[PDB]
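Coming up is one lone chain in C-alpha cells, specifically the form deposited in one PDB entry.
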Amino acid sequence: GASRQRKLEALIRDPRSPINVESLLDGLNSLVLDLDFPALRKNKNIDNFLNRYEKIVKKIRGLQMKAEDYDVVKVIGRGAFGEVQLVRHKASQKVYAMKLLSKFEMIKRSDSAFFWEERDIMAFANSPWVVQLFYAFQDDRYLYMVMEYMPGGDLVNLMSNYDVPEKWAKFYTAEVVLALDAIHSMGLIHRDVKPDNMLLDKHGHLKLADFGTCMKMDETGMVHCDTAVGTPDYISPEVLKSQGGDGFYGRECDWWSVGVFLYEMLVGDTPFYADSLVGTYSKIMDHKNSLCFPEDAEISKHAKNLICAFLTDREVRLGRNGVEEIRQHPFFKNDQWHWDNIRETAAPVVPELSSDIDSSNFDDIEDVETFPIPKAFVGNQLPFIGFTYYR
C-alpha cells in the first residue's frame, strides 16, 4: 500500500531482476521481430499492434548499442556457435574481446540456455578469476558478449610453446583450483575444465573465460543431468555415465578435469588418449587400469600422487571433503607463493605485447544460415529476452 510503486520501481532498477528496462525493451523487440511477417499480419490483432510499434522499435534498435559501434581487429577464436573477435570501440578507442553466438545455431541445436549462466557469471562474479562481461547486446542474427580481452592466450598455446616444469605446473594448477573454487562458491559446476578455457591476462595470470556448460547446483551441491557435456579427453566417468540416464553428480567432476590438465601439462599427452572418441571413453571408464605414466615423463612422486588422487571414481576422489585437502597436497609446497597471495606474485611466463591490439598469442583464423519465415507464430527470439545487459 502506497510504497508498492517504489517497491515495483526497485525491481526495474535491479540488474539481477529479469524485469529491468533492458529486459522489458527486449520483450518488445522480440515480439516485433517474431510478428513482422506477411503471413502473421493476416491477424487483425497483430497487424494493429505492429503499426503502432514498428517505427519506435526501429528507432530503439538504432539508439541502443550495436555491432556497428566496434571495429573488428582480428578473429581470434571460432567455436561451433560463433567467433570470438578482438574489437575496438569506435567512440572510446578501447580494446575488448567480443563473443558472437549465432541465434540461428543456438536455437537450431536446441541450445538456448547455456549462455545464461555465462552471462550471469561474467557480468556479476566480480572475481579476479573470471573474465568480466562489460556489455551484452543482440541483433536479429547474433548475441554479443563484450568481455575483457585476455592477451596472453590459452594454456594450450603455453604448453605448445614450453616444456612446463613442475614449478610452473604448481602455479597454473593452483590458479585453476582457486578459479574453480570461486565458481563452486557461486553455486556452479564448470563441467568443461580444459586448458582451452584457461586464459592468461596481460601479466600471465589465469582467468576462466568459457562458461557454456555451467550448471547451478541444488541445495545439496549436486546436479541432475542425463547428458554428457565437456571435451572427450577431460570428461569424468560420472559425466560419461550420466549419458545413460540417472545422472547425479557434484562439483567433483571439475577436480577430475584438473587432474587430466595437470597430467597433460607434465607428461605432454592426455592421460586417456586414443584415436577413436569411444577409445578415449573406454580408457576414462577403465581409469584404474588405463592410467599410466611414461617412463620418460619427468614427474615427481607428489605430482603423480596428486594426479592419481584426482583421477579416481568420484566416491574417493580428492576434493570430496572440500578444497582444503587439495590446497594442502604436498605437490603445492613451494617457495614463491601462498594460496592467499598467488595472484599478486610473478607468473612463470609474462606475455610480450607490443600494442593494445597485439594478438600474437592467438593462432590466425581463415574466414550460420538464416531462420525460416514462419507460417504461424514461432517466437524464435523468445529464449533471448533479457540477454541485453549494460555495466
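Positions refer to the first chain, counted from 1. The term rigid core refers to the maximal set of C-alpha atoms that superpose within 1.5 Å between the two forms. First, how it differs from the form deposited in another entry.
With the core held fixed by superposition, the comparison between the two forms singles out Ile46 as the only member of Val350, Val323, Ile46, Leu353 whose CA moves by at least 2 angstroms. Relative to the superposed core, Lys375 shifts its CA atom by 2 Å or more between the two forms. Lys55: CA moves 2 Å or more between the two forms after rigid-core fitting.
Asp36 is among the residues whose C-alpha shifts by 2 Å or more between the two forms once the rigid core is aligned.
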The other form holds:
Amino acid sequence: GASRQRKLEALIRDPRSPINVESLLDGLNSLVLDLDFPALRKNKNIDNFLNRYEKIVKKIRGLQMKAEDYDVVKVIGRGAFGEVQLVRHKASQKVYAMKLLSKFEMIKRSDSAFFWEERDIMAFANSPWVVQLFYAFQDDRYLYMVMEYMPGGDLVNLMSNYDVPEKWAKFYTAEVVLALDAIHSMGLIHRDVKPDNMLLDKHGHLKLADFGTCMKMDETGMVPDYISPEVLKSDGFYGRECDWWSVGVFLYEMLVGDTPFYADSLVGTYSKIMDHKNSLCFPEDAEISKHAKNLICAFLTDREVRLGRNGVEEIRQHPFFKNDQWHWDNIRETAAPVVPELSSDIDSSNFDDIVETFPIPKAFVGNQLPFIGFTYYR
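Target state, the form deposited in another entry; input state, the form deposited in one PDB entry:
Next up is only this chain, free of partner chains and other molecules.
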C-alpha cells in the first residue's frame, strides 16, 4: 500500500528525476508564462487559473535564483546560442563563469535538446576533468549555467603565447587522454575535442567544457579542422575513436605549430582531411621526436585500425608518454607547466576581449515547455 507512496516520495527527492521539486516548480512557472497574455486570458479557465496562482508565482519568482542576483564583470566567451559571462554573486561575493542560452534562438533555429546533456555532465560528473556546475536557472528569455570560473583560459591562448616543448605537449596530451576517458566512461562521446574547449584551472590543470555536442552511446558504443573523416562522410554511426582522432590533431598542432589539415578555404580543409592518407606530412623544419610522430600517426588513421578502439590502455602505454615527472595515477596532482599568475578574483587576462524577443501570441504556443526541468540547485 504505502510502499507506492514510498516509491513516489523517492522519485521526487532524486536530483536526476524529471519530476523532482525544482522540475515541478519549472512546470508551474512555464504554464503561467505561456498563459499570461490578454488574448489567452479571454478563456475563463485560463483567467481564473492565473488569478489563483498570481500571488504565489510572484512570491516564488522573488525567492528563486535570478540573473539580478549576479553582477556581470565581462563577457569572456561567445557562441552559437549565447555567451559566457564572468559574474560575481552579489550576496556571497563569489566569482563564477555563467553561460547564457537564448530560448528564442534555440526555438527558432530548431536546436533545443543539446543543453540537457551539457547540464547533466557538468552537474553530476564528479570528475576533476569536467567543469563543475553549481546552479542551473532560467527566466522568460534565457537558460543559465553557473559553473566554476577557470582563470587559466583555454589551450588556444596557451599555444599563441608559448612555443610549446614536447615535455609540455606530453603533459597536456595525457590530461586530455584522461579527461576523454572520463567522458567515455560516463557513456558519452564529445564529438568536438579541440583546444578552444580545453580550459586551465587556477593551478594550470586541464578541464573540459562546451558539452553541447555530446551524445550518449547506444549498446554498441555508436551515435572543422578537428573533425574526423568518418564524421565528415554524413548519415552514419560513429564511435569513441572519433574523439581520439581529435587528440592526434591537437598533439600535431602543439608540436608543429599548425593544424595537420590546414587550408585557406573550408572545402580545402575537408578535402585534406578526406585525403588524410596522402595529405598528412610532418614539415622537415618541425621539432618532433619519432615517438611523438608515431603517436600522431596512430590517431590519424582510418577508424578501423585507429588507436583507442580497444580502450585507453593501448594509448597509456605508448612510448611517447615515458617521463620522469608524473604517472597516470597522479598527473593532476603534479606541478603544471604553466601556472596562472592572477592579480585579482576577476582577472580575465587569459581570455581575449569579446536582442530578438518572442512575439506576444493570440493562441497557446507553449514556448516554455521544452525547458521544464532545467533548474538545478546544488
